[PDB]
Amino acid sequence: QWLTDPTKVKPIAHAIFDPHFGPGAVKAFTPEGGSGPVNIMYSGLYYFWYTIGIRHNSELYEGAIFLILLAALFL
Amino acid sequence: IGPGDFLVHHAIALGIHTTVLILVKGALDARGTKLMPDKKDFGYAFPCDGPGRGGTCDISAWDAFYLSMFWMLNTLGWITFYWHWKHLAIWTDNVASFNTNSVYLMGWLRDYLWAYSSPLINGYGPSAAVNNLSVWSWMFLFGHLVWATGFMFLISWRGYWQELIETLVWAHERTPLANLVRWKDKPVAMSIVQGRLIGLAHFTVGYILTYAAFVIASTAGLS
Amino acid sequence: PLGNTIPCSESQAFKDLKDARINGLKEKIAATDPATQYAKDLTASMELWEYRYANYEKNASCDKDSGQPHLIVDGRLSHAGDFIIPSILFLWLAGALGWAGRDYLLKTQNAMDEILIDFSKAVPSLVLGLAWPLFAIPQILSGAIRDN
Amino acid sequence: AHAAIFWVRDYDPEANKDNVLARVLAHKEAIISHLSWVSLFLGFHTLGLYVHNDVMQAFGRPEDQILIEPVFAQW
Amino acid sequence: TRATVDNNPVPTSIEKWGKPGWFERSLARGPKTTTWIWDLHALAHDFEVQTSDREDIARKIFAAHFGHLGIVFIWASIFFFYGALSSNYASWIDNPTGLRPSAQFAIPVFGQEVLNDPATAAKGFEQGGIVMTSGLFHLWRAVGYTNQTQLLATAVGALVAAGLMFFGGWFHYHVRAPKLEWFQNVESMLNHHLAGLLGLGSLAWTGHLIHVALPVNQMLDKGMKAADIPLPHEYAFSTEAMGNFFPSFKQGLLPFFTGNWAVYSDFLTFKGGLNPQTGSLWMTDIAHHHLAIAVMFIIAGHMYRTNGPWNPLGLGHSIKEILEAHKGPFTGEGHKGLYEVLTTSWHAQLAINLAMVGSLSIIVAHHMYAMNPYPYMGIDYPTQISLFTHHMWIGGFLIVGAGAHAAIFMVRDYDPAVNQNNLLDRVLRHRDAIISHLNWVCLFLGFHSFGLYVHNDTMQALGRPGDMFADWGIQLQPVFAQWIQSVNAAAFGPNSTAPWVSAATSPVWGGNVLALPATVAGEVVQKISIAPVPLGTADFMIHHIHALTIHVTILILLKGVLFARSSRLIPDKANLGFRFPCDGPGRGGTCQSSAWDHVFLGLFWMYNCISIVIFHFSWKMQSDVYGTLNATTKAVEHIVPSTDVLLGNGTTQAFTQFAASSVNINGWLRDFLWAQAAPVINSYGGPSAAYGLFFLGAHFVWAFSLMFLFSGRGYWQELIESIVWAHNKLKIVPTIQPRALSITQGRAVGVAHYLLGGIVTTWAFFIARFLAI
Amino acid sequence: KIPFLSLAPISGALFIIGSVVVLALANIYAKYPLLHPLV
Amino acid sequence: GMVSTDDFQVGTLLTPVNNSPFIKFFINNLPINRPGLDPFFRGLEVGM
Ligand code: CLA
Ligand code: CLA
Ligand code: CLA
Ligand code: CLA
Ligand code: CLA
Ligand code: CLA
Ligand SMILES: CC(C)=CCC/C(C)=C\CC/C(C)=C\CC/C(C)=C/CC1=C(C)C(=O)c2ccccc2C1=O
Ligand SMILES: CC(C)=CCC/C(C)=C\CC/C(C)=C\CC/C(C)=C/CC1=C(C)C(=O)c2ccccc2C1=O
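Residue numbers (the numbering used here), protein chains in the order written: chain A, 1 to 75; chain B, 1 to 223; chain C, 1 to 148; chain D, 1 to 75; chain E, 1 to 773; chain F, 1 to 39; chain G, 1 to 48.
If you are wondering where the hints come from, they were derived from the structure by calculation, not from laboratory data. The C-beta atom is built at its ideal place from N, Cα and C for all residues, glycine as well. You can trust all of the hints, since none of them are fake.
One-sided and incomplete, this derived list gives chain E residues near chain C with beta-carbon spacing under 10 Å:
1. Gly30
2. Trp36
3. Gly111
4. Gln127
5. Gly128
6. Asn728
Just chain A, with the same shape it has in the complex:
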């Protein structure tokens, strides 16, 4: 969804499960068109992954599998 309009919708780091949140913080950390509270990414990984050529979440998934198995290889 960030690839369709890079310039206004913000990168999302991860989604929040905090049981301490009241209703205001649940509405606060939810973006427009979002189903719950998330963290807005400020580390620049979306721009990194765009420039190195990732366009799908399945490529991010095979990247995740490859780094867990590469870590398992180093352990």
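Chains B, C, D, E, F and G with the ligands: place on chain A using the hints.
Same frame as chain A, now just chains B, C, D, E, F and G with the ligands:
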């Protein structure tokens, strides 16, 4: 670039050079000095050689690491304060604010530190409901708390806490229902180097989280 | 006209800060009694400030955009009064103080003379501080002391 | 830090006899006192020009502050 | 008795002026290093390590008292000269409410003349000036100054009095000095400091109020200008002039000698609280005050027994028999020994006296905002913030010195033979129970006040405003304090517990908002000097912060006192002294084990205590008392506005800014410490630009302290080894050896700069905020 | 050596006070300059 | 009278908070100290 740029680059040269002074001083004096010519036999981290010969507090090479850590934090504070204000003055179409007020330090206090705090400290409030910057507001006050908690270990030192823990040990061994529960390791005060290192760790953690909370919530709260 | 730098004779913003200060001064005189020691002080400040902006005008001080005088330090002879003349003045008077104190130590070598100042050996130390290069250069060319 | 840790635990003055490492241990007071002079130099003057600029904005005089263009970096 | 005084102990010479450090044996050998210099200054007023004779010690303390009273008279003269030459007092007497008071200007040099405020410019003082916050002018208007030449006469008389105190010090040390037997008759000195010092002092002050201060304030309140009479409404020859102001009884002092006291019920009244016209105490109540406590102080100086050549005189009490009569079965042998303690130890007396005068200055800070003493004083808000803040800080410093000299007694003047089974001995036998229980109640107060604040930060951040300890959430109502407000508000009328009171104790208890005429450019009446001060959940929380900080400062200083001589760690600590750095890195490390270090730590904890007190006062007075009456329908508009607190359902509720925002640290940061610091950082180019410069300079001094606080001297000494090498390479050799600062003195420099930087930052903030609005 | 003025605080403090007065009157007489004038 | 110590080397005081007979009856018959009780039942009553 202009003259506030000149002044903060000399502040940067100051910070790097003083941090190098403490560290090269801690490296080259580590084996021995005139106050302590056999210091290498006492290792890297040790408290002191006691109150004699005038007094020997912070005489180890570990201690010049320890004191250079505050200078590195202050140096890198001046560096990222510079980067942040010059870029936020570019990003808000207000480069005349940097070019006028970066030469004097109430401009740094007011037009950088007081002015850009406003979306941070209004992250949560009684009259406006919370937004996404309330976590950076809580992290900002958290880092103020952790940084100031460091100052306890940095300023107050050991033998107060050892005498205080001796009263606490008396209070536990004479309280019924509760002297029947005993420690296995004897409660003592933290060591001298330990009090320095824990005070540094709190100072440093509070420094990083205070600045990270401000540099993210002030820049994300421009709009 | 250097980088981010134009002189005072063609700077618009220096004229704006100039006539803003002179106008705010002239309604500060023009609303008061001229015989009450406030307004004489404001006319002295007005004359002082006219020749302060005129001296920033006539010796090529340099402004651009924000209008305040920006000092160029290279060793340029056009901008010699920015750095080079207060350099020679600082080395003269600070070498005077350092050489006077150093010579005071070399003639006293006594602990009572440091907390209780002997003026008969402190003021001519200051007088030879006022001519310190003639006594300091050939002791650089000779050498000080052998210590490691 | 690990420079100083090298100095306490791993340096031997006999195998390193009169190499460059032993010579900068030999004239250590020159390096420390000259870093002391650089640090005091930069601090006295940077703080003095900054506090000058503070007094001049305090006294209503922005055109009396000391303003030095960084001529070497614009070159 | 009998005033047994020796003749000429010390010849008057110049020979010891050329020898600094004569008074101590290690200093007398000459300066060899630089620590001698600091050892010259730290031992200058320690007379007990200079001479061992307690008599000569007592004479040095006595001549020091005269020299100090001389320096205080020099300071008194200095503000009387400044009020008498370069003030606006000839025009401030006609406009006390629309003219800002000033007695100092900045001369036409370096551009400082923007510091001259043009709201102080009036006739005579036509330059502008520095607005002062001491409230000297309202004091001066209340005691009857209408003219600057009599202010000059007070200034000359204070210089003459400074010269008299210096000649008294030189006479009673060098020419004719008293012995040790003169000092220890504490009965007579108590009898002549109650009846003579306090009793005749406030009796003569009642005489000043009746003859001078009540009629001049009645002329200033009835509407006439500075053209007054200062000499013809006095004394016998214008006795009828006492009848022209407010009817002097029937005739003369004849109804004083005949006993009908009710005809003086016009200038000795018991009316009650504050005057609506001037916002201050009624002057007749002030005169009847100082007379009633004057009388009861002359009764108070008739208590202790003094024997001499007076025949029937000599009935009364010895203090020793009273102290040795109060024994108890819980407390062993009671107060026996405490008379010998308090008649042979100066530090024990100084500990009691610093505790009492610091407590009394804190008492003074409360009661002078609470009852406004001086005309048009409570509406000048920088003076209110400044005198509360001033007397709070002086009070906290003297309480830390009380803990200091109690520990100095316990190091130096403790004798086990005198203190056998008394209260002082058995306190030392269960000092672990006292300090440990004190440690527990400090933990309880800290969790149950600060964790409430942290909880409020958390629940307001998480979007749960109803989960907050606040007045809109979990209410923590101060029901005892609110009940005492209801009792002191309700006790004035008929059929009450004080039946003949017209206007209660103070309006802060819950009765009526009081307002004063003032200009403020071209406005209307406004200017609430004083209002009821309501107590809610935030007041519960801030008062338990205050109980926390008081109790930790007690814990530190009292742990310094009771563990001064010995501990389980160091049993021989009294041999190590009051002021030693440590006993080495052994036993784990013994850093800051001396009782001096507990004074050093209790100084910062006093800083914490008094800073939160003056922060409570600034935000509290600003949020619920101080402000404006609106020109339409007389509505109260405070200095900071009301906050509409968003509730959890969606609606709002109006609270004041202290009631809404002082329940967490984010509101303290934002609405108190970010919002009200806008006039100290925007003050440049104007009359408050110095307070910006003091604000930044005090931030510098506070941060400069932390080099000395967080470091230690072995670093600095091997650094000075490298700098001393650089000096010896160029033949620049001081005979006085460049040393690092000592451990105790580095701690002292750090606490001095921490205290100077924080309190001057806060001073700059308070004055630069309160001059603006 | 004279009494009370040969001491290091008096000699030092009158050096700071005399220096700031001579510097001050140098700022009045040279009209508080920023630089040295060449023209 | 009220405060004795009954072993004066041991750092404790025998006080009516410490040594009143009903306080000793209370503390000494709280379940951790009440005699004749297996440790499980002491834990049981403390837990309840
Ligand atoms: C006779 C006085 C004198 C002289 C000739 C020097 C000379 C020197 N100092 Mg030193 N110093 C002095 C006094 C002096 N100092 C005093 C009083 C202090 C304590 C504040 C120091 C603290 C100091 C440090 C920490 C360092 C030096 C360093 C140096 C060297 C480098 C230049 C510099 O940094 O200036 C700096 C000067 C100061 C920081 C001190 C300020 C100037 C003082 C107050 C002047 C003393 C006035 C004296 C009372 C005059 C007497 C007059 C007489 C006729 C009665 C240089 C050879 C640096 C070095 O090691 O270089 C390699 C170094 O880091 N100095
Ligand atoms: C009004 C402006 C002003 C003010 C208030 C100061 C103030 C100060 N300067 Mg300074 N300076 C200025 C303008 C100013 N400077 C300018 C425009 C220059 C450029 C030329 C310098 C260059 C300069 C140097 C090189 C040094 C200072 C130093 C100092 C400090 C102590 C000096 C002293 O007299 O103590 C008493 C005197 C002595 C203790 C001995 C005299 C030493 C003099 C200052 C240096 C002479 C040595 C040698 C001949 C030349 C050095 C070689 C150099 C080219 C690297 C002091 C706080 C010293 C410092 O900062 O410490 C680190 C120092 O070493 N300044
Ligand atoms: C190190 C930092 C620094 C530097 C480089 C300067 C530099 C300057 N300041 Mg400044 N200032 C500083 C720190 C500094 N300041 C600080 C920290 C403060 C706060 C206390 C101030 C507060 C301040 C004010 C309020 C003002 C200045 C002013 C000035 C300027 C004029 C000085 C002058 O030329 O006099 C004149 C010099 C001469 C006429 C040369 C003749 C010298 C004679 C021969 C000897 C006098 C030297 C001395 C007294 C030694 C005695 C010698 C003996 C033989 C008698 C100058 C550019 C003035 C200004 O207008 O700014 C533009 C002014 O208004 N400063
Ligand atoms: C009636 C008040 C009173 C009196 C008579 C004394 C008397 C004494 N005290 Mg004491 N004390 C007091 C109140 C008092 N104190 C208070 C209110 C505190 C809490 C702060 C203390 C805490 C204290 C400690 C920790 C110690 C004493 C010690 C002493 C003894 C020697 C002190 C000395 O030699 O002078 C020397 C004075 C100095 C070296 C001055 C220090 C520097 C000052 C504080 C900085 C001033 C800054 C200024 C206020 C503001 C800035 C201005 C600046 C910018 C120019 C002496 C018997 C010492 C002792 O050994 O007891 C036997 C000691 O250990 N006192
Ligand atoms: C902001 C920094 C800071 C903090 C938090 C403290 C905290 C404390 N100080 Mg300290 N102190 C400080 C600065 C600080 N100080 C400095 C700078 C100095 C140097 C002068 C000192 C010197 C000092 C001395 C000499 C003494 C203290 C004492 C105390 C304790 C007081 C008891 C109390 O308040 O109850 C409760 C605790 C708090 C209010 C701290 C915050 C607790 C939070 C709100 C609760 C956290 C919830 C939960 C535990 C978190 C779990 C999360 C999980 C992941 C771990 C307390 C723990 C005194 C003491 O020991 O008495 C008991 C003691 O005598 N301090
Ligand atoms: C630990 C702290 C410490 C302390 C307290 C001192 C203290 C002192 N040091 Mg020092 N020092 C230190 C550390 C320390 N140092 C370190 C770390 C170093 C580096 C290694 C040095 C290196 C050092 C040197 C090289 C010297 C000192 C000197 C001094 C003494 C200066 C006396 C003074 O200021 O009056 C100042 C007196 C004058 C300026 C005399 C002139 C006054 C005239 C005659 C009066 C008439 C003028 C008239 C009023 C008109 C005024 C106009 C004017 C412009 C002329 C003083 C006792 C100096 C000394 O020995 O004494 C002279 C000295 O030369 N120190
Ligand atoms: C296995 C494990 C770690 C379990 C967790 C164990 C559990 C329940 C809580 C963790 C302990 C905690 C939270 C505190 C104790 C630390 C302590 C002895 C502090 C007092 C002390 C202070 C305050 C100083 O400033 C200071 C400065 C210089 C030297 C020494 C000291 C010093 O001693
Ligand atoms: C008229 C007048 C004012 C004359 C001034 C008289 C003259 C000429 C020079 C006087 C020298 C001066 C002004 C200061 C020296 C102080 C000094 C050696 C500090 C280094 C040091 C620092 C930085 C710490 O943090 C620290 C922490 C814990 C223990 C020790 C230390 C320690 O040692």
